[PDB]
Amino acid sequence: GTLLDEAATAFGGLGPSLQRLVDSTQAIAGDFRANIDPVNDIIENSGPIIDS
Amino acid sequence: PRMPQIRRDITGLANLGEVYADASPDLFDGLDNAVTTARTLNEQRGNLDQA
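If you read the protein sequences in the order shown, they are chains F and A. Adding 156 to a residue's 1-based position in the first sequence gives its number in the deposited numbering. Adding 205 to a residue's 1-based position in the second sequence gives its number in the deposited numbering.
Isolated chain F, as found in the complex:
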C-alpha cells in the first residue's frame, strides 16, 4: 500500500510530461551525436583563443 501510494504521488498525471521528457531526451541525444565533430572542435580550439 505504501509503495502504491508513493508511486501514485510520483506518477499522478505525468503522462504527457514524461512523454515529452523522453522524446526531448532522445532527440537531443541523437542531434548531439550527429554534431559531435563541431562540439569536439569547439572544445579543442576554444582554449587557445581565450587564453590568448
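Calculated from the structure, these hints are not laboratory results. There could be a bad hint or two in this list.
[Stated by the list, open to error] Only part of the chain A face toward chain F is listed, based on derived beta-carbon distances under 8 Å: (1) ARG207; (2) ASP214; (3) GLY217.
[Unchecked claim] Each pair of labels, with its calculated beta carbon distance range: (4) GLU248/A <-> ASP179/F: 56 to 62 Å; (5) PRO204/F <-> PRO206/A: 14 to 20 Å; (6) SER208/F <-> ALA239/A: 22 to 28 Å.
[As the list claims (entries may be wrong)] Far from chain F, some chain A residues (derived; all Cβ distances over 12 Å): (7) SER229; (8) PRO230; (9) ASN238; (10) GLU248; (11) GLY251.
Ideal Cβ positions, reconstructed from N, Cα and C, are used throughout, including at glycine.
Since the structure of chain F is already known, use the hints to place chain A on it.
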C-alpha cells in the same frame, strides 16, 4: 578524453570575463565619444575625400 580542455576553456572563460568587465567602462565611454566623432566624419565625407 577532452575534459582537461573543457576545464581549460571554463577557467579561461572566467578569466576573460573578468578582464573584459574590468576594461569595459573605458571601452564604452570611448565608443560614445567615437560615435560623436564618427558622426562628424560621416557628415563631412566629401570634405575628407577632397582633403
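Status of each hint after checking the structure:
no. : hint                              : result
1   : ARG207                            : holds (5 Å)
2   : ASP214                            : holds (5 Å)
3   : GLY217                            : holds (4 Å)
4   : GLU248/A <-> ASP179/F: 56 to 62 Å : holds (57 Å)
5   : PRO204/F <-> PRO206/A: 14 to 20 Å : holds (18 Å)
6   : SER208/F <-> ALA239/A: 22 to 28 Å : holds (25 Å)
7   : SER229                            : holds (17 Å)
8   : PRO230                            : holds (22 Å)
9   : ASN238                            : holds (28 Å)
10  : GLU248                            : holds (37 Å)
11  : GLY251                            : holds (40 Å)
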